[PDB]
Structures are given as structure tokens and as C-alpha cells.
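Engineer: These are the residues of each chain, in order.
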Amino acid sequence: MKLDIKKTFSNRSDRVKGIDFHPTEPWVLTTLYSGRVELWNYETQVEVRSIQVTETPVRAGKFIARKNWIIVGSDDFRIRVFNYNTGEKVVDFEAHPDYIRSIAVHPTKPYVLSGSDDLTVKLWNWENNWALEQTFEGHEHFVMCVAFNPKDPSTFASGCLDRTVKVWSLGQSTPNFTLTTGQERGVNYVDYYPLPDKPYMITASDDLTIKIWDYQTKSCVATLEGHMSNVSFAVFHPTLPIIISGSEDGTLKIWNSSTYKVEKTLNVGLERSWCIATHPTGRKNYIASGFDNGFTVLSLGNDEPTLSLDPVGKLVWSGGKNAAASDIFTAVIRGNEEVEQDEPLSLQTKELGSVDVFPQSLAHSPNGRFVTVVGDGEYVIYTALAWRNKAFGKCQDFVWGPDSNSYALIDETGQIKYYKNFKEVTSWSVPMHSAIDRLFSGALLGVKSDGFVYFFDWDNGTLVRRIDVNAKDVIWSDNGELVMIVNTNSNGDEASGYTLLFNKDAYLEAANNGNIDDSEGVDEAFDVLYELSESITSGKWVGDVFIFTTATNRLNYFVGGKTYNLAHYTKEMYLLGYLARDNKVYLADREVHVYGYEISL
Amino acid sequence: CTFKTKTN
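Residue numbers (my numbering), protein chains in the order written: chain A, 1 to 601; chain B, 1 to 8.
Hints were generated in silico from the structure; no laboratory data involved. Just so it is clear, CB atoms sit at the ideal spot from N, CA and C, and this is done for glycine as well. Where hints are given, some of them may not hold.
[As the list claims (entries may be wrong)] To list a few chain A residues with every Cβ distance to chain B over 10 Å, as calculated:
1. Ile5
2. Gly393
3. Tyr530
[Claimed, not checked] Using 20 Å as the maximum straight-line C-alpha spacing, the simulated SDA-like pairs for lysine to any residue come out as follows:
4. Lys4/B to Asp206/A
5. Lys6/B to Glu524/A
6. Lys6/B to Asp76/A
Work out the full structure, taking the sequences as your base and the hints as a guide.
Structural biologist: Here's what the structure looks like:
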């Protein structure tokens with residue numbers, strides 16, 4: 001992967017010991033060495049509420065959102081709850097005759113965990129008036145960190161400086177098992193891997209190392225040593241295949257959970273790294289951290305490769321090696337470039353602009369006027385000339401209409417919306433009752449449900465036809481007569497695609513008649529001209545000719561039932577377009593290096 | 001030093 005980190009919100013503050021994300025509200029909570037607690041809207045960069053709780057460091061703070069509470073533990077032996085809507089001290093008691101290090105909140109049950117230097121862990125029931133239900137003994141030193149198994153909240157790990165982790169079920173005075181860590185300086189932190197495909201855990205030590213454990217088989221999977229000083233935390237991101245550690249060396253290390261190699265190192269500049277949080281449900285992939293000098297909120301995306309070519313020859317992409325995933329760049333193509341075959345074109349990168357989301361993909365309007373970037377549930381539309389904004393919104397799919405001034409979406413509820421003039425047509429409705437896999441552009445809006453393909457008239461929305469083919473892609477000719485229906489071949493039983501001719505007349509007649517069969521459409525509007533052999537990875541029409549890439553990486557052309565190979569490349573090659581000026585077709589590889597191939601009989 | 005002190 002190529003991770004990308006955006007610095008959402010940073011606050012210089014006293015030593016930040018505890019830190020937690022609210023799950024619905026864009027709020028980070030922080031517990032300080034100063035006995036003060038803070039609530040920040042990291043998204044509008046505003047301090048909501050802040051309480052002077054104690055003179056003593058408060059080390060553990062967590063959200064119980066469901067009861068609209070914050071819960072915090074200090075060095076005065078105490079546990080205190082507050083309502084954050086009101087700032088009103090709900091509860092305040094003595095929970096251990098020693099420091100309180102760590103707190104865990106039960107996902108569902110009114111159950112709250114606290115770990116202590118008193119050697120013990122303890123269970124607390126709030127809707128039975130905070131009575132101490134069970135006291136877990138066994139550890140022979142400071143209990144640094146408690147953690148519920150997200151997959152089985154009846155059980156929980158506890159990381160201890162006595163060099164062990166101890167998993168217990170709610171009820172037994174004894175542990176199910178006890179994990180000697182080998183980490184001769186002790187465990188500061190423990191975290192569960194959230195996904196059901198691995199029973200992994202993780203620890204972090206003063207001994208500079210991080211350790212991944214299998215808790216079924218009870219064995220050390222891997223040692224991950226980076227850090228130059230004591231490792232403070234190590235956690236699994238809820239959503240990206242990463243581990244995140246932090247430490248007194250001042251750094252944050254983002255590790256890869258598969259290769260166990262450090263993907264990314266950050267020196268936030270707040271000195272020593274104390275504590276960690278990840279937005280519960282991956283929102284913006286937020287992770288937040290606490291330091292000697294304060295806290296930061298970081299969003300983590302990916303620099304996925306994007307490129308759209310325009311008809312007149314302009315390339316536009318996001319990201320890159322020397323650059324950021326959400327920076328936009330543009331480059332012009334001219335027959336200029338000496339026709340050397342398999343070397344990437346050299347062009348001059350001009351800065352074009354920026355965008356607020358992590359692209360997964362990017363695409364010009366048909367006429368090359370506008371650019372749409374799609375990502376992270378959001379779509380955005382920019383002017384290609386001075387990178388001016390023209391539209392934003394949420395979408396699971398975006399497809400451009402012929403006009404180059406209208407489009408269609410699958411929205412946050414999975415329902416097709418149609419915009420005309422950047423300003424939605426409310427009345428335009430296509431009632432789709434199955435689930436919508438996808439959306440295609442071209443001269444009829446294409447909609448994939450089941451192993452089917454529906455074709456609707458752009459202006460009204462009436463089903464022009466339904467094709468019973470499990471399409472991968474749908475690629476139209478520019479003059480609107482031809483279409484190629486690429487087939488998700490799925491074990492080469494069927495042909496890889498089908499040419500179809502579209503009679504618009506046959507549609508319009510069945511339109512006047514009111515004889516459009518709302519299940520199928522119009523049998524006469526679509527005729528199957530040919531079937532295709534080899535698999536199709538991408539493809540452009542150039543008149544009656546279909547230029548296409550294969551999974552053998554070969555470049556072919558199809559014209560009137562015949563497949564002629566034209567070149568045989570040796571990478572993953574994708575088609576970008578056909579410039580007539582340079583009589584040239586243009587290709588892109590996995591690294592966005594652009595190639596040019598020349599075409600004549 | 002013989003004793004570090006996890007008082008932070």
C-alpha cells in the first residue's frame with residue numbers, strides 16, 4: 001500500500017494521557033497529566049466542554065455515548081462520570097487504593113472495566129448504581145491496560161508489567177489462560193484484532209518491541225521492533241490492514257499487519273507519545289494520539305492511481321510518488337513526443353489543484369469540460385480550466401450523461417438520482433427494486449441488477465431495454481449506434497463480450513405506442529451483431545472498430561466479427577483513448593506511465 | 001538507575 005496522512009486537528013496542551021473518539025459526534029476526548037479533561041470538536045476545531053476534574057493526572061478516559069456520558073480515572077484512586085450534554089457529575093468514587101491505569105467499556109451490557117497498580121482489574125455496573133460486581137486478581141504488579149474482546153465481550157485481556165497478559169471470562173476468579181510475553185520490562189498495552197478471520201492480539205513494551213499473539217494457539221506470531229524508546233501503545237486499525245504504535249521516542253509508527261514492515265513514521269512534534277484511539281467505525285479512518293505537548297487527529301487514506309484522458313488530449317491525475325493523494329495534476333499530449341514505442345511519455349506536470357477526499361478513481365466529462373473525483377462515499381466536480389468547484393455530494397457511483405452537463409448517481413440509500421445542470425431533477429425517477437450493483441454511461445444510462453443490464457433513456461428514465469447478460473463493463477461507440485457488452489465470463493464458458501446495435505427508432509415507435517413492456521422494454525431496439533473470443537480489460541471504439549486490451553495483456557482490434565491482434569505488451573495495460581490527430585491510441589500501466597501506440601492498416 | 005518509576 002501507499003498510505004497517506006492528513007493532519008485534521010492539532011492542539012498544544014499539557015500531557016495527554018487518555019484519549020477517546022465519540023462514534024457519532026466528531027468529538028475527541030482527552031484526559032491530561034494536569035487533572036483536567038477536554039472535549040474537542042476536531043472537525044470544526046472547537047473546544048466543546050472542559051472540566052478541571054482533579055489535581056492528579058487523569059490517565060483513563062472513555063465515551064459511553066449511549067448513556068451520553070464520559071468516564072475518567074485518576075491518580076487520586078477515583079472514578080468519575082459526567083454527562084457531556086450538561087457537564088454534570090453523575091458519579092465520583094474510590095475504585096482502587098492505587099493509581100487507575102486503563103478503562104474498558106462493555107459494548108452492550110452496563111459493564112465498565114478498570115485496571116490498577118493495586119495489581120487487580122475490576123468490574124462495575126452502572127444501572128445497579130456502580131456497585132463493584134467482580135474483582136480480578138492474579139497479576140503481580142501494575143495493570144497497565146484492559147481490553148474487551150470485540151468479538152466476545154464476555155472476555156477481556158489485561159496487559160501487565162509483570163510480563164503477562166491474562167484473559168478472563170466474566171465470572172471466573174481465575175484466568176482462562178496466561179500469556180508470558182517474554183518482554184522482560186513488561187506490557188504497557190494490549191489490543192484485540194477486531195476481525196473474525198484471525199484470533200490475534202497485540203502487546204507493546206518498554207522493551208522496544210511490539211508482539212502479535214495468537215490467543216487460541218497461545219503463541220507468539222511475530223516480534224515487531226522499531227522504536228528507539230519505550231513503546232506506549234500498539235493497536236489494530238478498525239478498517240485498514242495496519243497496526244499503529246506510538247512511543248517515547250516521539251514517533252507514531254504505522255506497521256503493515258501482513259508483512260510486519262513499517263509502512264509510515266510520523267514525528268508530530270509534540271514530543272513523547274502516550275496514548276491512542278481509532279474512530280470506532282472507520283469514519284475518515286480517524287486515529288488520534290496524545291502527547292507530552294498535546295494531541296492530534298489524523299485521517300488515513302490511500303494514494304490509489306487515477307488517470308482520465310480527455311478527447312483533445314489532456315491528462316488529469318491524483319497523487320503519486322513525489323506527491324499527495326488528493327493533489328490534482330495535468331499534462332498535455334502532442335504528436336510532438338518522438339514516437340518511441342515502449343518507453344513512458346515524458347510530459348511536463350503542471351499543478352492543477354487539490355481536493356478534500358482520497359480518490360479511488362477520477363474521470364473527465366465526455367467533452368472534457370469537467371472532472372469528477374470519486375471517493376470515500378463522496379463525489380466532487382471540478383472545472384478543468386482553473387480547478388473551480390461546481391458540485392459535491394454523497395454517492396456510491398457516479399456516471400456522466402451525453403450532455404456533459406447532466407449525470408446519474410447511486411446515492412447513500414442505494415437509489416438512482418439524476419442531476420441536470422448541476423441542479424437535481426427531482427421528478428426524474430427510475431424506480432429500481434432490486435439491488436444496484438453498478439452504473440454505466442454512454443448514450444443510454446446503463447444499470448446493473450442481478451446478472452442483468454438495464455438501459456434507460458437519459459432524459460426521461462423509461463426502460464428502453466433489458467439485456468440478460470452478466471456484464472463486467474458497457475462500452476458505447478461515439479455515434480451512438482454500436483455498443484460492446486463485456487461479459488464477466490467467470491470460467492470461460494461463455495464468450496467474453498457481445499456487439500449490440502441500437503435502433504433508436506425502434507425505441508421511439510414502441511414509445512408512442514405505450515407498448516414498452518415495463519419488465520423487458522423493447523425487443524426491437526437491440527440486436528446482437530457478434531460474440532467475442534478473448535477477454536476484454538478495457539476498450540474504445542474508433543468508428544466501427546473496437547480497440548481492446550486482454551488479460552493476456554495483448555492489444556487487439558475487432559471489426560465485423562474478426563479479432564486481429566495489433567500488439568503484445570507485457571504489463572497490466574489499460575486503454576485511455578484514441579487521439580485521431582496522432583493516429584495514436586494511448587495506454588496506461590499500474591504506475592500511470594503513459595504509452596502510445598500507432599494504428600494504420 | 002536501579003528504579004524507574006511508572007509515574008510517567
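Engineer: Now tell me, hint by hint, if it's right for this structure.
Structural biologist: These are the hints, each one checked on the structure:
Against chain B, the non-interface label of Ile5/A holds: every CB pair exceeds 10 Å, the least being about 27 Å. For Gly393/A, the condition that its CB be more than 10 Å from all CB atoms of chain B holds, with the nearest at approximately 47 Å. The Cβ of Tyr530/A sits about 74 Å from the closest Cβ of chain B, beyond the 10 Å cut-off, so the non-interface label holds. With a C-alpha separation of about 11 Å, the suggested pairing of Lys4/B with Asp206/A holds against the 20 Å cut-off.
About 80 Å separates the Cα atoms of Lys6/B and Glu524/A, which puts this hinted pair outside 20 Å; it is violated. Of the pairs offered as hints, the one joining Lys6/B and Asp76/A holds, with about 15 Å between alpha carbons and a cut-off of 20 Å not exceeded.
The earlier numbered hint that this structure contradicts is number 5, and it is the only one.
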